[PDB]
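Number of protein chains: 2
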Amino acid sequence: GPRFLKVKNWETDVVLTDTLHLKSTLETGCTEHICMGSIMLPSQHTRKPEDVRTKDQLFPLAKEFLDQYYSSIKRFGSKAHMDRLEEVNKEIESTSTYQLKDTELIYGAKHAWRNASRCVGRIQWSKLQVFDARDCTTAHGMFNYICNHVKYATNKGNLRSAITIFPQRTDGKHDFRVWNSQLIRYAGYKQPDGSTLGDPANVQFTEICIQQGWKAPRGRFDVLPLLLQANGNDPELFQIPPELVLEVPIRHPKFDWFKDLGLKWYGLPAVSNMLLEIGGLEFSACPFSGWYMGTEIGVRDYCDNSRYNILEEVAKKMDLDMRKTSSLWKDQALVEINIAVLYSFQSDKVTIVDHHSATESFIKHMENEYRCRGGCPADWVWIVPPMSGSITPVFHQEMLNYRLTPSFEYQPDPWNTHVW
Amino acid sequence: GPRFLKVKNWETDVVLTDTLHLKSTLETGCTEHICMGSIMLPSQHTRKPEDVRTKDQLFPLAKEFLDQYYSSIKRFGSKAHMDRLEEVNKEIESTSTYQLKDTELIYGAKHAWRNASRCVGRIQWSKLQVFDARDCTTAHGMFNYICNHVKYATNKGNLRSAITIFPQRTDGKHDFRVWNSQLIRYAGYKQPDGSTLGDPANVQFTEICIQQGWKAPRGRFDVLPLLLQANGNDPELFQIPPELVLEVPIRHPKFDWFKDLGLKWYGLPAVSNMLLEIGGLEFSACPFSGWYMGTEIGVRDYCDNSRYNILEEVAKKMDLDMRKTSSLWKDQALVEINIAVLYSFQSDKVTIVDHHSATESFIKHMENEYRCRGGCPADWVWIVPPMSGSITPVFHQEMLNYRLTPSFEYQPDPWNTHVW
Ligand code: HEM
Ligand code: HEM
Ligand SMILES: C[C@H](O)[C@H](O)[C@H]1CNc2nc(N)[nH]c(=O)c2N1
Ligand SMILES: C[C@H](O)[C@H](O)[C@H]1CNc2nc(N)[nH]c(=O)c2N1
Ligand SMILES: CC(=N)NCc1cccc(CN)c1
Ligand SMILES: CC(=N)NCc1cccc(CN)c1
Ligand SMILES: [Zn+2]
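Residue numbers (PDB author numbering), protein chains in the order written: chain A, 297 to 716; chain A', 297 to 716. A prime marks a further copy of an entry chain.
Excised from the complex, chain A in its bound form:
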């Protein structure tokens, strides 16, 4: 195209013209002579530990969002729009910052998710519960908001989307950081015999909680303590009330022996280490959650090598021909494990989506976004399920990726930064 890029679905032949990319301003990390589409943290905006943005750098960014917001409600250049702008301009000049109206905070949150190029479940983008935790001032208060979130979202297995937003970053006042990767996760212990008990991806965090006092049960599926950081103060340990952490015992609809593998997982996926940016405002603590896509647990959490890595054992138990890789025994154990997850979650009536339905609705969503927003940023490398990618429609779907604001961003783990 000359300026209206096209994306084609190669299985269906459908074509979509993108005009939305012209609103992008952040960099992708790619050039004209190089593509970094498969790089995890291309760092085009992977946050910096350095000082906070300034007054000059702040208003343009704040204005951009507000011009965007009022345009959304077809009120661009209104008396209201204009006064709001002077309002924030005036408020930034004095305080070096500014506070978003409650409506603006919801728009910004919903849209950060609508713009998350790596999320395949964005069709749910408009249905999000926003918990304004901006008045919070302590870790205990943070703990409380988090508990309410957990309970609200789990909703006795009938999961609901939600995000809790703590105080924005200021400068000296300080940062609020949920030191945990996800609200709910299992511990990992480096055994003296080389082996690792529990999720290996958490061995480094688990060591923090312990050197902070945690009474580690030292088992396989030990839900880790919350370690909250409020107003730039040292984090504090908190135990999520067990009765609030919904879990699901993994069993197979045919292999009764599967049960004996002792596999269990939590039903609430709550990302809590990213950053929400709206109008140039940084919300370093914005735990968000939705519900699982089966492969997340079955393929990655369980079968990833550096994670639980249950391929052999599951394979052995199946009595599979592990003599050579051409027996596709890994692929076989992998399909069964994933059938056990969906089956289990669905048996206990906990919300879950399989890769087939998930990716099917994303195409539907893409079609909505191109038919109403002029496009949709999608990261093909992330949107395509980690198993049977080709038999899911998104594989054959060309996808344009670009960075839109407001958005969710990665940020430095605080234990690297924080002193004391």
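Check each hint, because a few of them may be wrong.
Remember, identical chains collapse to one label, so a pair may be satisfied in a single copy or spanning two.
Said to hold, decoys possible - Straight-line alpha carbon distances no greater than 25 Å define the calculated DMTMM-like cross-link-like pairs of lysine to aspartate or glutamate that follow:
{"id": "1", "residue 1": "375", "residue 2": "663"}
{"id": "2", "residue 1": "302", "residue 2": "328"}
{"id": "3", "residue 1": "304", "residue 2": "328"}
{"id": "4", "residue 1": "560", "residue 2": "467"}
Read the hints as simulated data drawn from the structure, not as lab findings.
Go by the hints and put chain A' with the ligands onto chain A.
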């Protein structure tokens, strides 16, 4: 990095610094504000039907390759290098073109494959048989070279890499085009009852051969006739000697009923519709072949929706719960089908590689290319197998993609262009 990009393997944590990308000059299609890493034909150089490159545009490109070639043999700026350059400069001035020495043609061919960012089997790059078909002048002569290629490469099931290079493009003299996508492929017929018999992806080509006289057996696995175009003359039909087309009957090492599905495939993957560019020279007819990676046939050729699409039938026969998608019945049928392919090919002793071993050696190859060539262009979207992607090491492998020359490129199907 500041100029030395880094790629990390997220499962192994290994890191590789790339310096090779600085040699790139062709565009990727990506910008600073947009990524097109998941676009099939980003058209940065998807050929053009327009006139051929000119004398001025030709020498720089020719020089680049020669400077590259002599640098390879540590002879940069030699008397030889310099005289060769004047040689070609002189030869281009008179003829508007130039002919590559036989050594240069092999270097260029091997490296087009070494630079093919989308090919996962490049570890085999240095072991390639080059058949110089530049003296060819007819379709019959083209047919002959092709037959020798087939026979050579099949090597009674002990497949060998090879590429046959026909006369370069000139201007008026004309184009040589193997009108076939791949040397060996099956026909596809649009049934009156809506249905499609045989590979649907070939229904449009099959119609050409028929309106050219082909006596279509009108079955499911009808190897199509060769339709060769020589010196810009109308293509001509040729039947590959049946005794040269090695095929493999698909059966399963446990499901005797699988046999009854009547699945068969050819063992020689021979791409014949691309373009080889060396020193600015265009080789519009350069059929190349290696050997199969199981998923190519099992996942794509067979299960792709718009292809053979054998999911249901295979699933039904398995007596799988197709009530809902969460039964992962597609995933189940998909794993079995692929076990049948490897098993079959390996039984008849025909060369084949599974995704596990294939992707394992690519990592090994990447490590070689970074440890000796300063890098390796890889397209993550293509290099990752269409099934069980996450349990194969390349999924966790960050990959930098850039365009190096010499290379293989896509080109317009000639029936759209060619008159008469
Ligand atoms: C309704 C359920 C949802 C589903 C099924 C869904 C599914 C997915 C999946 C499968 C991933 C991959 C995670 C990984 O591989 O680590 C992902 C990533 C992501 N999702 Fe969603 N999502 C949903 C809701 C949410 C919510 C509520 C938000 C925000 C309001 C969100 C924001 C994102 C972001 C930012 C990522 C990128 C993660 C990263 O870059 O590390 N998702 N999602
Ligand atoms: C020794 C066996 C080889 C293996 C196992 C291998 C494997 C692969 C696979 C699995 C694909 C994907 C094809 C598709 O999805 O349509 C591919 C693509 C490709 N391979 Fe290789 N390859 C090998 C040899 C060759 C040879 C001999 C050449 C050239 C000298 C070559 C050049 C390429 C190119 C240019 C592509 C890109 C196709 C496209 O863009 O449409 N390959 N290869
Ligand atoms: C839309 C998307 O680019 C397209 O479906 C790609 C994805 N990856 C692929 N990878 C390989 N090896 N082969 C293909 O044909 C494709 N198709
Ligand atoms: C190296 C590569 O970028 C990395 O392994 C990516 C690939 N695609 C992914 N896709 C999803 N959804 N999640 C991931 O963690 C990854 N990892
Ligand atoms: C909401 C959802 N389905 N998954 C997002 C997610 C959950 C846990 C960890 C991570 C780390 N990227 C992401
Ligand atoms: C050599 C190899 N393994 N496969 C390359 C290939 C074979 C047939 C068709 C196509 C179309 N892209 C590519
Ligand atoms: Zn890119």
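Taking the hints in turn, this is what the structure says about them:
With identical chains, the CA atoms of residue 375 and residue 663 are never at most 25 Å apart, being 35 Å at best within one copy and 61 Å at best between copies. Taking identical chains as interchangeable, the C-alpha atoms of residue 302 and residue 328 lie at most 25 Å apart whether they share a chain (18 Å) or sit on different chains (18 Å). In this assembly of identical chains, residue 304 and residue 328 lie within 25 Å of each other by CA distance both inside one copy and across copies; the values are 21 Å within and 22 Å between. Neither within a single protomer nor between protomers do residue 560 and residue 467 lie at most 25 Å apart by alpha-carbon distance, with minima of 42 Å and 68 Å respectively.
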